[PDB]
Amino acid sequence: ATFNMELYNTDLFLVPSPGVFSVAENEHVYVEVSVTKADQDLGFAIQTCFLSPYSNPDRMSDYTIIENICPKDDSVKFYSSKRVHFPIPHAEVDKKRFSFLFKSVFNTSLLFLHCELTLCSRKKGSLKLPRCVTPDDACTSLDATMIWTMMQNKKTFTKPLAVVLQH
C-alpha cells in the first residue's frame, strides 16, 4: 500500500504542478492525497493539514487548515473523485482532493504543507481499523476516543511551497 500527496494547478486536478509549487496571497492551493492499495476494504481520512516554516512535521504551527477531519479554515473545499460518469486519471488509485485559499501569515519565501492521514475500514468488520468518517460527519460529532484510535495508524506527508509577494 503506497501513498502520495501532489499539488495541482487548478481545481480540474489534471496537471500536477512541476517543481516547487509557487503561491501568493489570495491564490488557491489544490491538494490531492492518494493511496495505491491491494485491499479494497482499506480507506483513509485526511486527519490534519497545516502549513509551517519548518520541514519537521512535529514542529507546532498555528496555520491549521484541517484539524481532525473537519476543516478549520473557512476557505477549505472538498472535491469528489468517486463520481459516476466523472472519470479521473489513474483508476488503480483512490484519492481525496481539497483546496484552500492561501493567507499571508508567515514572512518567508518557503513553507511546507504537512498533511497526516489516518487509516480506516470501508467495510464493517473486515479490518482492525475504525470506520471511515467523512468531514461532514466529523464536524457534527467526533470524540476523543475515536481520535485516539485513528491516530494509531497514521502517515504524514510534506510538500514545499514557494511563497511569492505581489502588489
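For the two forms, the rigid core is made up of the largest set of C-alpha atoms that agree within 1.5 Å on superposition. Positions refer to the first chain, counted from 1. What changes on going to the form deposited in another entry:
- Once the rigid core is overlaid between these two forms, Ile88 counts among the residues whose Cα shifts by 2 Å or more.
- Superposition of the core reveals a Cα shift of less than 2 Å for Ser17 between these two forms.
- If you fit the rigid core between these two forms, you'll see the Cα of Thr156 move by less than 2 angstroms.
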Contents of the next structure:
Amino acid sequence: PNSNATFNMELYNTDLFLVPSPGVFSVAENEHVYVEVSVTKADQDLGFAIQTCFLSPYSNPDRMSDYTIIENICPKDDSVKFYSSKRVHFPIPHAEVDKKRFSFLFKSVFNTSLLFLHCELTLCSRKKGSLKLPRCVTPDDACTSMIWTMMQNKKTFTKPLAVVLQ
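Could I have the structure of this protein in the form deposited in another entry, to go alongside the form deposited in one PDB entry above?
One chain, no partners, no other molecules: that is all that follows.
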C-alpha cells in the first residue's frame, strides 16, 4: 500500500476556512482560533489523527505547557469544536487532500506577546488490512478510551500567534 503522505497546518479567519490568515494571526481572550490540518495522500485506506495540540510561549514543541487543547486525540480544552472534514480530490494522480477543521476559544493563560500553537499529526489506517498503522479513532471515541507512530508517519507543526498584552 502507498503510505506516502505530507501534512499541513494553517490558521483561518473564520469557520468557513475560506481565507488563510496573513501574516501572523492575532488573538485575544474569547476570540476563536480556527485550525485546519491536512494530509495529502494517494491511498483511500490511509487516514490521519490530530494526536495533540497545545499552546506555549516557546516555538520549540518539546517544551512543556499546561495549555493543552487536544491530547491523545481527545479534546482536553472544553471550547474545542469540530467542523466537517473536507476531501479535495485530484483524480488524475488519484491524490487527495484530506482536511480536518476545528476551533477553540482563546483563554488568557499566558502573558507574552507571541505564542505558538503546536499540533502533532499521525497517520492511521481506515481499514484493517495490508496497511501497517494503528486504526483511525475519532475524537469522541478517543475520549471514551496508545501506540507509537514512527517518525516518518507523524509531524509536528507550529504556528505563531500575536496577543495584545493587558
